[PDB]
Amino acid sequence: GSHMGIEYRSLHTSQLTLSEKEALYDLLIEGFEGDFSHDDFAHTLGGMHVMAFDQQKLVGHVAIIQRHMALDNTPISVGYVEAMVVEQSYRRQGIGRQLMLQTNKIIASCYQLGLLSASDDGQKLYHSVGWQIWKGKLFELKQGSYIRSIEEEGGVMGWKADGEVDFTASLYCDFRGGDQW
């Protein structure tokens, strides 16, 4: 739909054209001012994109990836939020909020828990739509064994749609290239 003149579309990676993927990369690399690696780009591909347009130009994005984690010893399906960006001139105008409202709806309909790793900019937005900083320990796979993600603790945030999740439990994430969180 469209909200205050911005069109929002929800598209799986498999539904994007090459031109649309190139436009997405340009938006993301600019939005992070270069702090966006090739591995970061891989991490935002493979799930659902919510994309914001002013006329025909892409001006905002967020992706929701499926991840498979453990909450303590229990398997938990995760909607992992990646690569939220609003083009500079469009910021503080509600686009990030609209992207997150649609992201929350996607997570609620598919997964048991939303997770993400926040920037300082992002944290205020995710707080405003009901996410909380994860309070428990974080673990990632290195060479096939779990190690503590000590530096990422305090930066990961979560959201439970249906009911309650123990924010103090330990999370064990699945393996990928680059940054695990």
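Note that the rigid core is defined as the largest set of C-alphas that superpose within 1.5 Å between two forms. Residue numbers count along the first chain shown, from 1. Compared with the form deposited in another entry:
- Relative to the superposed core, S119 undergoes a Cα shift of 2 Å or more between the two forms.
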Given for the second form:
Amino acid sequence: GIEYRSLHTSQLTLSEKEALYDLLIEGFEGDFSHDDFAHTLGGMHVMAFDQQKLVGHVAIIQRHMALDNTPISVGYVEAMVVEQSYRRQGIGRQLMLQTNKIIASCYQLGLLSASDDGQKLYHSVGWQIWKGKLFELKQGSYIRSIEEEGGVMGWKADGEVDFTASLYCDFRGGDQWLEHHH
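Show the form deposited in another entry, please, because up to now only the form deposited in one PDB entry has appeared in this conversation.
The text that comes after this line covers the one chain and nothing more.
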């Protein structure tokens, strides 16, 4: 069947990294830059394989944030993709359940960014919309990230996380702006 392996970036072979880049480009329909690839590296990769062949991926990146004024360790989930011909068979769900187990063993909180349609998969494995305010650094000072509110979901490993509290994010750059649409 499908076999799942969880590997840190440092544990990947060159072959596996090239196959990951291929899966990401194709699965994101060519909207996937060198910075987006760099942005996926440095943490854990949960990967699905059909015999030797990479067919699914999600990354978990460690981030260090503040919940109101208290430090909180975050596992930040990104770059979820399943090869188009392998979709709608539960691989995405399995990737997320493995991801939840990593978060539970390692971090206080899981966070991710999803579109409205995108959210159902995550919600089926326990994720919930973050209700509180979000803040990001802009030219060295915190400013509320209205854009992103409602698009961020979380998953509670540390039972004392208030999803209505304010999160103050670490800097990850990647053009941040508030959309205004008439």
